[PDB]
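S.K.: All chains should be modelled from the sequences, with the hints used to inform the complete structure.
Each chain, letter by letter, is given below.
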Amino acid sequence: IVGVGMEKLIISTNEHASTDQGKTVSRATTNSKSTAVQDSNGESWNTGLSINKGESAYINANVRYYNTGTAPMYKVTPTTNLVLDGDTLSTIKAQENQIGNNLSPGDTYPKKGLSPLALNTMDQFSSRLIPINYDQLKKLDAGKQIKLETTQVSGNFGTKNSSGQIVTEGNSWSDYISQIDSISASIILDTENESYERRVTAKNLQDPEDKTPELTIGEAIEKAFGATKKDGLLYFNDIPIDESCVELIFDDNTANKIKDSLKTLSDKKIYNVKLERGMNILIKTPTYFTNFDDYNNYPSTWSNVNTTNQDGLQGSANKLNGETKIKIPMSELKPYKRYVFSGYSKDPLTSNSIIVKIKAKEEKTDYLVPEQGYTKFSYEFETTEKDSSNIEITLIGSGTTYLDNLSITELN
Amino acid sequence: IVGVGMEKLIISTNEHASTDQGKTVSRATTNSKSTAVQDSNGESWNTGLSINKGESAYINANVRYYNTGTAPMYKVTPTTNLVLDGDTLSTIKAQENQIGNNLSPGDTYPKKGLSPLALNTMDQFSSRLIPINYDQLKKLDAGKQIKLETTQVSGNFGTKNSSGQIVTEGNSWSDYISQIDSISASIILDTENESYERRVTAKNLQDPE
Ligand SMILES: [Ca+2]
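Protein chains in written order, with the UniProt record's numbering: chain V, 299 to 331, 364 to 742; chain F, 299 to 331, 364 to 539.
Hints in this document: simulated from the structure, not taken from any laboratory.
Where hints are given, some of them may not hold.
To be verified - Partial list, derived from the structure: chain F residues whose beta carbon lies under 8 Å from chain V: (1) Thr365; (2) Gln368; (3) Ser374; (4) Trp375; (5) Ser508.
Using N, Cα and C, we set each Cβ at its ideal position, and we do this for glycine too.
M.R.: Written as structure tokens, this is what we have:
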């Protein structure tokens with residue numbers, strides 16, 4: 299999975315400015331019928379400027395290639411789009427100057443610690459720069475930006491023979507993109523400072539001749555991301571990626587399919603749903619999360635803690651008649667980003683609702699009525715300038731209610 | 299292990315200069331109701379200067395290639411970056427004018443005692459000079475420096491064919507770079523007068539096979 303990210307853009311205006319300076323000496327005489367003598371001298375200066383409306387300026391872009399798949403790509407030749415407002419200025423296929431020989435998974439071309447490469451030419455033989463129009467130049471000078479979109483990437487793969495001779499010529503990756511994408515379900519894991527994109531084969535139910543094995547979502551996740559099991563829970567390296575401990579974001583079709591297939595399922599767990607073709611699953615590991623059993627990474631400390639019972643999702647409730655409090659030092663938060671606070675609450679015996687207050691950019695209050703089963707609430711907030719007041723949150727509520735798996739995540 | 303080290307850079311200003319010179323003679327006769367006669371002589375001088383803001387100057391680089399590995403590289407073809415402040419001016423791949431046919435370990439192309447090769451073209455056919463902007467040219471005139479960073483190198487290796495000869499076409503190191511780097515550890519030794527880089531294979535304890 300290869301993408302292109304632009305780092306900065308350079309505008310080169312194309313004008314022809316010149317200057318002049320002269321000097322003239324004259325002499326004249328007259329003979330009336364009385365004589366006259368005339369002298370003259372002086373200096374002159376001139377300035378000029380010429381601008382071509384058709385091709386007013388040129389643009390240069392610095393880019394970085396990154397890979398997040400499971401296989402390397404040799405001879406990376408990506409194609410990029412340049413958009414100003416709704417106008418695609420040009421599409422440039424990478425020339426010989428901008429082809430990466432090797433791009434291993436998790437790596438980057440150019441390697442981390444090196445300057446980005448410059449894509450400033452459009453023709454096949456790297457001889458004609460990228461032009462713009464005068465109106466587009468005025469739009470650029472007005473503060474508008476240029477976005478870079480990647481549409482396709484061409485590369486080769488390696489085949490090893492018996493005696494060990496890698497050959498990467500004629501082994502295009504484009505012969506397998508359509509076939510692989512049409513029989514597989516895509517799963518994405520978005521950890522901090524890292525991202526993984528995977529494809530897992532899914533069985534077809536209408537074809538009696540499809541002998542490929544059947545997988546559930548949990549098994550597919552474990553196979554794809556190399557997760558390990560401790561006590562029935564999935565761990566990536568040390569981060570728990572259990573259903574209750576992360577954020578699952580689907581598209582409309584996958585959400586509808588999961589909802590429809592959850593009715594006939596006994597366990598009523600998303601990880602037990604059968605994986606089907608075309609599914610799109612995204613997992614976002616939380617920024618801060620604790621389960622009151624063995625995990626905690628919050629900068630502060632919970633005000634009220636009572637985890638001396640076998641309750642909650644797994645042996646942890648942390649709730650008495652008093653209300654809890656969190657102080658956010660704001661020292662580890664994005665200056666401009668929207669966050670989500672989520673958790674599970676169960677009300678065994680009917681009581682009053684729970685009132686939540688969050689102050690990060692705006693003061694918001696909501697009332698939730700917990701049920702006999704734990705239910706996610708997932709309220710939202712947002713930072714302002716990284717130099718604002720500490721975020722304080724209350725979970726006002728009585729009636730010996732319960733809590734578990736309270737987490738904070740970010741969104742893109 | 300092939301790298302590129304720049305030695306100096308040369309700026310060629312893309313200015314146009316012109317000069318002129320003139321000389322004129324005149325005569326005017328007028329009758330009034364009289365007799366008037368006029369004789370005149372004049373000269374002129376002009377100087378000009380034209381500059382293109384889009385392409386203000388060209389640049390040239392003198393570079394060498396050095397090898398510190400254990401194997402030779404045939405047909406060296408490195409790619410370099412030109413950085414002024416944080417702006418990569420251009421990414422140039424070596425054309426046929428800047429290819430090292432042979433580079434034995436510990437050697438240098440060109441050999442020791444020869445002047446560095448000049449990199450001053452950017453297109454595939456070496457028919458186009460590297461341009462810079464007016465702002466970039468002023469930055470150069472303000473004392474700022476251009477740095478050269480190499481990103482990748484393309485080369486060949488030799489093998490015996492069915493007739494007992496040696497063939498270097500179609501054998502590329504890029505097919506093996508990733509495989510070698512994935513399963514090996516790197517060790518570098520820096521002496522007073524030379525540097526050595528090596529790759530040594532390492533065992534994976536989590537794979538029983
Ligand atoms: Ca728990």
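S.K.: Hint by hint, note whether the structure agrees.
M.R.: Hint-by-hint comparison with the structure:
1. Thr365: Hint on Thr365/F: holds, closest Cβ of chain V at ~4 Å, below 8 Å.
2. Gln368: At 5 Å from the nearest chain V Cβ, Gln368/F passes the 8 Å test, so the hint holds.
3. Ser374: Check passed: Cβ of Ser374/F comes within 5 Å of chain V, closer than 8 Å.
4. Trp375: holds, 5 Å
5. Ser508: holds, 5 Å
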